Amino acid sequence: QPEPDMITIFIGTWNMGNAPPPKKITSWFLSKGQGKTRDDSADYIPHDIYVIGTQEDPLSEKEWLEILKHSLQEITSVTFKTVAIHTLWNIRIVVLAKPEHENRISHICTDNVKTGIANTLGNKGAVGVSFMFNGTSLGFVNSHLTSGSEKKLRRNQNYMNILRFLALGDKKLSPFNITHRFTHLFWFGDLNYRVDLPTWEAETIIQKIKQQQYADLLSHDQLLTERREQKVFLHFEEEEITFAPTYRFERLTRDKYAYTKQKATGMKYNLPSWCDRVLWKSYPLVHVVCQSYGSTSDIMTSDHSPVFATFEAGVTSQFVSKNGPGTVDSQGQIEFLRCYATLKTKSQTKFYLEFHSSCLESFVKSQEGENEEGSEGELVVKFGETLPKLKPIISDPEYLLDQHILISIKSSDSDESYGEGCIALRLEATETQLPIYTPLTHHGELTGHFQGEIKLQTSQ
């Protein structure tokens, strides 16, 4: 039975509005309703992995697992295995997998982050799951961010706290936050970004939604605008939105948006908005294709509609050679040539690099680079041809070309990372000097760039 080189992943996000679900929620897992929907011819074909995020979830873990497993069994006739379940307050993530994947999945991690202080600490935050699927690391974040049209900056702060403090994936990757630890990272939830139009325009917005004319609404979506101004979710992707706003509905129909201020809303308007989202970030030159992104039309117990997204995701096999794992393979090498980091920092410490990759036995520290002044004020750290030659565990190009090198640039004075990035070894040529580039981030904000050349030797 061969190991897969592609899997499909279902991501669901639903704010349940503290109400039990209806008896049938199969439309969700089938990607049926509005938006980019799944072809009917696929309905019996199970996804490899189903990741369900809920918010305002009133059920016990047991209650929801029974509904989910029985739902998938009805669709697919497959009894899914529970990989992980983790709940913070009423925020929950469930990971289910086809039974054939049970002995491909390992290194399962769960964590949560509570956002805010005092007043603002007590119901918002995130849960997450990570695991290995053969040679591929997968991370999943379900976040319920701060509500309210006038709190987009709070949401952005919530995002940064979650990606700093959620402790998933390989702890040996110590300079790296979750936005660098995974081949594929999916971040979804009730992100709570709103359509930023005047309150007086509520009926106009509703009109536009009834005509399926979303362009003038999406141009005011706070998540799209904040992302475009690099305020949040830097280097993440989102499929185009082609479904109606998923909030705020009257319960038990989808015919009415309930937007007017009420005691129950703290006298806040809830103009129709795309609160409920799925974004991802994959390592450079790894296959990831969104095959659906939409909302259900027939699940009406909540003031939110469920959102689905499905993905094709490239995976790799757990590679064994006569040499690595357990030793280096002298027919392999990675050389970084004429490299320099451009940093936004005003500080004047020396810097060194760390190279982290599961193709190395352990991480590699460089010598200190040479600081020069950039023409427009910048710090440029020059490494020249001084960088250590990296010794991969496996030289076979079918393995090595599928790998990635994480780079941290660290202060000699503090050993703190000033920037993190990632370089793909999926090169156009071996034994050939080729340009490389990554942006550098720290706490998910841009701090600089790393560029230079690479020369990769494989056994072929």
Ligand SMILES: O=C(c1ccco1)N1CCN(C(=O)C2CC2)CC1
Contents of the next structure:
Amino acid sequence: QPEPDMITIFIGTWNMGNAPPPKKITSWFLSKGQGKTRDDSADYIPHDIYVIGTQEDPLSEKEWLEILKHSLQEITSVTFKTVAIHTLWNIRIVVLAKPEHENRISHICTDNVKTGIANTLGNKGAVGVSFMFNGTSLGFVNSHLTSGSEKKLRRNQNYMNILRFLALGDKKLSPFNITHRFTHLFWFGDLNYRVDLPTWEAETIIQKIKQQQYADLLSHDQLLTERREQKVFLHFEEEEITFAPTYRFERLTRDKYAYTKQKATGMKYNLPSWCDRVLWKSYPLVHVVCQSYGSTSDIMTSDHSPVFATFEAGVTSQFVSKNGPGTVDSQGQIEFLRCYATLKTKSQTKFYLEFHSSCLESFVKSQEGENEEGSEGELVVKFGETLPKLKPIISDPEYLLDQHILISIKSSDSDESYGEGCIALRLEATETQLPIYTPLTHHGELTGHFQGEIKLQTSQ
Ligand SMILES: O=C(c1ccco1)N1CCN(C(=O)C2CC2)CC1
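Please give the corresponding structure for the form deposited with the named molecule bound, as opposed to the form deposited without the named molecule shown earlier.
So here's everything in the complex, that chain up top.
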């Protein structure tokens, strides 16, 4: 039975509005309703992995697991295995996988982050799950961010706290946050970004939604505008939105948006908004294709509609050779030529690099680079031809060209990372000097760039 080179992943996010679900929710897992929907001819084909994020979830873990498993069994005739479940307050993540994957999944991690301080600590935050699927690392984050149209900057802060403090994936990757730890990272939830138009325009917005004319609404969506201005979710991707706003509905119909200020809303307007979102970030040149992104039309117990997204995702096998794992393969090497980091920092410490990758036995520290002043005020750290030759555990090009090198640039004075990035080994050629590039981030904000050339030797 061959190991897969691609899997499909279902991502669901639903703010349940503290109400139990209706008796049938299969439309969610079938990607049917509005937006980019799944073809009817696929209905019986199970996804490999289902990741369900809920917010304002009133159910016990047992109660929800029973509903989810019975839903999937009805659709697929498959009894899914529970990989992980984790709840913070009323924020929950469930991961289910086909039974055939049970011995492909390992290193399962769960964690949560509570956002805010005092007043603002006690119901918002995030849960997450990570695991290895054969040779591929997968991370999943369900976040319920701060509500309210005038709190976009709080949501951006909540994002920054979650990616700093959520402890998922390989703890040996100590310089790297969750935005670098995984081959594929999916981040979803009630992100709570709103359509920023005047309150007086509520009925105009409603009109536009009835005409399925979303363009003048999406141009005011705070998540799209904040992302464009690099304030949040830097280096993530979202599929184009082609479904109606998923909030705020009157319960038990989808015919009415309930936007007016009420005592129950703290006298806040809730103009129709795309609160409920799915974004992802995959390592460079790894296959990932969104095959659905939409909302259900027939699940009406909440003031939010469920959102679904599905993905094709490239995966790799747990590679064994005669040599690695447990030794190097002398037929393999990675060389970095003419490399330099450009950093936005005002500081004047020396810097060194760390190279981290599961193709190495352990991470590799470089010598200090040579600081120069850039023409436009920047710090340029030159490494020249000084960088250590990296010795991969396996030299087979079928393995090595699928790998990635994480890079951290660290202060010699503090050993703190000033920037993290990632280089693919999926090169156009081997034994050939080729340009490489990554942006560098720290706490998920842009701090610089790393560029130079690579020369990869494989056994072929
Ligand atoms: O998140 C991204 C993105 C793509 C690549 C890097 O980031 N986008 C662009 C594509 N989108 C659109 O709405 C375009 C009309 C198709 C949705 C937002």
